[PDB]
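Student: Each chain, written out:
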Amino acid sequence: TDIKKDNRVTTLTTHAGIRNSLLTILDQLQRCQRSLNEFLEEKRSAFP
Amino acid sequence: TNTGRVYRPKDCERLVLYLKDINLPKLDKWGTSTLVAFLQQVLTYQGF
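Chains as they are written, first to last, in UniProt numbering: chain G, 1380 to 1427; chain A, 2340 to 2387.
So here's chain A without its partners, still in its complex pose:
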């Protein structure tokens, strides 16, 4: 589209990513997982 390339679910309307486990990924030595930081980026800014 306009304003940058985008992803859209094929042949459906509401794609659902069902993440199985959230406690289980790995901290670094400060306390911040890159996974939960990435999903924070997505659920706040709708992109990456």
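This is chain G alone, in the form it adopts within the complex:
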């Protein structure tokens, strides 16, 4: 949404500490992948 407000490319250098926001979003996506392992094996047993 804030990128939708201002679309100048050097605004990401000057936002409100985005670095830990990005790293934490990546880490939580890694963890929901580790939660999805079981469903992946279900669909692998589904289609050969």
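Note that these hints are calculated values from the structure, not bench results.
Don't be surprised by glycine CBs; every beta carbon is placed ideally from N, CA and C.
Honestly, I wouldn't trust all of these hints.
Sample of chain G residues lacking proximity to chain A, with all beta carbon distances greater than 12 Å (derived) [said to hold, decoys possible]:
(1) 1384
(2) 1385
(3) 1392
(4) 1398
(5) 1406
(6) 1410
(7) 1411
(8) 1418
(9) 1420
Derived pair list, reagent style DSSO-like, types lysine-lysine, alpha-carbon separation capped at 30 Å [what the hints assert, rightly or not]:
(10) 1383(G) to 2349(A)
(11) 2349(A) to 1384(G)
(12) 2359(A) to 2349(A)
A few chain G residues that face chain A, going by a derived Cβ cut-off under 10 Å, partial list only [stated by the list, open to error]:
(13) 1389
(14) 1395
(15) 1427
On the provided structure of chain G, position chain A as indicated by the hints.
Tutor: Just chain A now, with coordinates in the frame of chain G:
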């Protein structure tokens, strides 16, 4: 920075110190708490 070292909140914009109790600290034998004198110093002169 210039004009002496300073403290700034990390990764945010408006840090909020939420002091729970103000009546409860201790007077000396004249009637002046050092805590409320310190916070008077901070809210008047922005330093210590």
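Student: Decide, hint by hint, whether the structure agrees.
Tutor: How the hints compare with the structure:
1. 1384: holds (16 Å)
2. 1385: holds (16 Å)
3. 1392: holds (15 Å)
4. 1398: Per Cβ check, residue 1398(G) is inside 12 Å of chain A; nearest 8 Å; violated.
5. 1406: holds (16 Å)
6. 1410: holds (21 Å)
7. 1411: holds (24 Å)
8. 1418: holds (34 Å)
9. 1420: holds (39 Å)
10. 1383(G) to 2349(A): Holds, at roughly 25 Å.
11. 2349(A) to 1384(G): holds (24 Å)
12. 2359(A) to 2349(A): holds (23 Å)
13. 1389: Because about 19 Å separates residue 1389(G) from the closest Cβ in chain A, which is outside the 10 Å limit, the hint is violated.
14. 1395: Constraint on residue 1395(G) satisfied, holds at 6 Å.
15. 1427: violated (49 Å)
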